[PDB]
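**Student:** Keeping the supplied structure of chain 6S fixed, place chains 6L, 5S, 6R, 5T and 6G upon it in accordance with the hints.
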Amino acid sequence: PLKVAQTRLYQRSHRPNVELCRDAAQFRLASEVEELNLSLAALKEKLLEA
Amino acid sequence: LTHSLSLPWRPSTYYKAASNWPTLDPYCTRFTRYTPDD
Amino acid sequence: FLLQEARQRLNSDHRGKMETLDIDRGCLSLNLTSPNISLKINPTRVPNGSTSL
Amino acid sequence: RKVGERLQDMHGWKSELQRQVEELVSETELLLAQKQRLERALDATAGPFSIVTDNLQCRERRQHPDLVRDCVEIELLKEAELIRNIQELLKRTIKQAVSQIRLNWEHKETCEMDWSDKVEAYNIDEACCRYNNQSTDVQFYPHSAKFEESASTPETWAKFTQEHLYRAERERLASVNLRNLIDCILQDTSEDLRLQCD
Amino acid sequence: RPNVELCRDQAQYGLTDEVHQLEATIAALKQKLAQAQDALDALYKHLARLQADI
Amino acid sequence: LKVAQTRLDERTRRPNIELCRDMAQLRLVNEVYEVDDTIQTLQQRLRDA
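Protein chains in written order, with PDB author numbering: chain 6S, 349 to 398; chain 6L, 42 to 71, 91 to 98; chain 5S, 163 to 215; chain 6R, 101 to 298; chain 5T, 324 to 377; chain 6G, 393 to 441.
No wet-lab data here; the hints were simulated from the structure.
Keep in mind that a hint or two might mislead.
Unchecked claim - From the structure, some residues in chain 6R lie toward chain 6L, with a derived Cβ separation under 10 Å:
(1) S235
(2) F247
(3) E248
Virtual Cβ for every residue (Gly too), placed ideally from N, Cα, C.
If we strip away everything but chain 6S, and leave its shape as in the complex, we get:
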């Protein structure tokens, strides 16, 4: 899921120069990465506690 969101955000950065827009997709695609990352951080610290 982290892999996908970076590839989704990268391709959308190659959208044409006026067609490059701040659609809600971009909004979620960003928030998505944040959650996925902070969730792996919570999972990474629990591996340290385990």
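**Tutor:** Just chains 6L, 5S, 6R, 5T and 6G, lined up with the frame of chain 6S:
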């Protein structure tokens, strides 16, 4: 949806865009770092 | 009267060829950078008048 | 789901942008022939002018008692003035026709550009929707602020196309109005020249 | 091009061919990319394995 | 109009929160549109003259 505001604001593109096509509406409101290759 | 008509049926050609030239030399130009490049709608599509060689 | 909405919408805008520009091809084609009907009237009005000039040149060739100012000399001069006034009216309408065709193609190429950009994006957003966790392809593209750097808000995005479509149909209605003007100007100048010749 | 001048010319039959060719080439590179990002995924999975074992 | 356009184009590079809808922004847009009005009324008199 909601056009919120992040503390690092990067409005660069809009400028170049309206530069090639004047006809354009405001890009106003209503990952804090760059890749080294960028 | 006939010779006058030949002139107005031979000029049509001249005008036609002179225009064709423009939409043929301009084409040779259009080189990548060309600021008007674009993926046209139905590009490969024989129009109506399409004659032959 | 959200990317999908964008496609559906983008496709709604793309399919509709495809109808505008193909229709502008058809109307320019109707104006393409109406400019040619405009000229071939100028093609066929030089013959009557050479008839009137020959008739005036041979009617000065009369003997002494019959070299007279009569009704034929009046209507032959009026026909010569009417032919010349037709040709200048027909030359001006041709120069209006070519300007309408140029503005049809300029307004057309602009609309097509937006469609080119849209096509590129469609393909990109289409692929982005077929990214499965159990799919390869995806990679760890290092985070970058350019992933969020945008150049239009969804609203402004539409506006761009909306505007393009508005002015594009303005060229449409205009040519229609001019093709009515071309049709009326041919029926008048042909009939005035026939009534003068009779 | 106007009236008759709109003629199927050596260019039309040629350009129309180039289009088909370019679209096939574009397809080849797209499929090739997919056969390479696939390899990178394998490379990564095997690295993870080798590293966990180390 | 030459000053009024360059004045705004330099102020479009204010970092982050500094890029503000202060009344200087709306007045210079008003300044740009007024010179366009003035240069359109003055070319009207030249065509009349």
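**Student:** Answer holds if the nearest beta-carbon of chain 6L is closer than 10 Å to that of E248 (chain 6R); otherwise answer violated.
**Tutor:** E248 (chain 6R) check passes; min Cβ-Cβ to chain 6L is 6 Å, inside 10 Å.
**Student:** Under the criterion of a CB-CB separation shorter than 10 Å, is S235 (chain 6R) in contact with chain 6L as hinted?
**Tutor:** Constraint on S235 (chain 6R) not satisfied, violated at 24 Å.
**Student:** Against chain 6L, with CB atoms and a cut of 10 Å, does the hint on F247 (chain 6R) hold up?
**Tutor:** holds, 7 Å
Hint check: a violation occurs at hint 1 only; the rest are consistent with the structure.
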